[PDB]
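Only one chain is given next, in structure tokens, and it is the form deposited without the ligand.
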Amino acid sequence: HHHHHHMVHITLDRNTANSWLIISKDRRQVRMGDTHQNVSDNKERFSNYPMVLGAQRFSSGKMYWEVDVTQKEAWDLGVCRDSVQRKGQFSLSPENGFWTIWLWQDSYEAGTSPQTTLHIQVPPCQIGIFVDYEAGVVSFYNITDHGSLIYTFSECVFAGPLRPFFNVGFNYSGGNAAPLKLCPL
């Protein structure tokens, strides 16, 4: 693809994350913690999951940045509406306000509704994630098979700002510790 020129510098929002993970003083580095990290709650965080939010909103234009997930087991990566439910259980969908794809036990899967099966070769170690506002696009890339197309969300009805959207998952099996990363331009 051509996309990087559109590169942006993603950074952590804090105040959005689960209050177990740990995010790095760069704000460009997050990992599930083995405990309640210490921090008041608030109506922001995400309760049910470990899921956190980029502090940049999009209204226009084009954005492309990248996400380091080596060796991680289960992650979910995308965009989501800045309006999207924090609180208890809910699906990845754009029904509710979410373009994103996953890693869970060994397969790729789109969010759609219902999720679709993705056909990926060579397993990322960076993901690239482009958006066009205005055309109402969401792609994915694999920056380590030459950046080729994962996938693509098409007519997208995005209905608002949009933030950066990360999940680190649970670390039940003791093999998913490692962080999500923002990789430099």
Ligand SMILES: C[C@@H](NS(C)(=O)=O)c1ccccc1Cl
The other form holds:
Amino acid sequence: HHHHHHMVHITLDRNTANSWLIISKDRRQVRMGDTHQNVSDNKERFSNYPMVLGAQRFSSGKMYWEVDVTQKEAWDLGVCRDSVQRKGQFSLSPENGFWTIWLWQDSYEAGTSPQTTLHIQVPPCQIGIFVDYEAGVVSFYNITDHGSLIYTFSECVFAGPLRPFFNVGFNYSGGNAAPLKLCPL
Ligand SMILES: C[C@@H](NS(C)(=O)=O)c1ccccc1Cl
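Output block for the form deposited with the ligand bound, input the form deposited without the ligand:
Next comes the full complex, this chain leading.
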């Protein structure tokens, strides 16, 4: 791909984070804590899952960023509507306002309803995410494999401002403590 020139500097929004997340001082890294991180509750926080949003809101244009997923066993990445549900149980789908891919139990899948199997020959250590608001496109790229395409959601019905979306995943196994990191431009 040649989308690199639409690079945007994403930072994480502490106020949206699940209460067990630890966001770095620079707001560019997030990981699972081993307990509640001693914050007040609020209506923005994802309650059921280890999720957080970027601070940036996008309603037009072309945007690109990259995320480091090195040595994680489970995560979700993409974009979502600013108005997505925060509390209780929900599935990641375009009907619920999410355009995402994930790693879970040694397979990669796109968050369609029902989910779509991804075909990745080189397990990625860094993921590129491209959003074209006007075109209704969200695309995912394998930076480890020379930028190869992972998945394109097209005919997207955003229906509102978009936010970068992250899930560090559970760490029941003791093998998923590593952070998500926003990679430098
Ligand atoms: C299960 C728990 N911690 S962990 C490290 O994954 O065992 C958790 C932490 C944050 C949100 C939901 C849940 Cl369920």
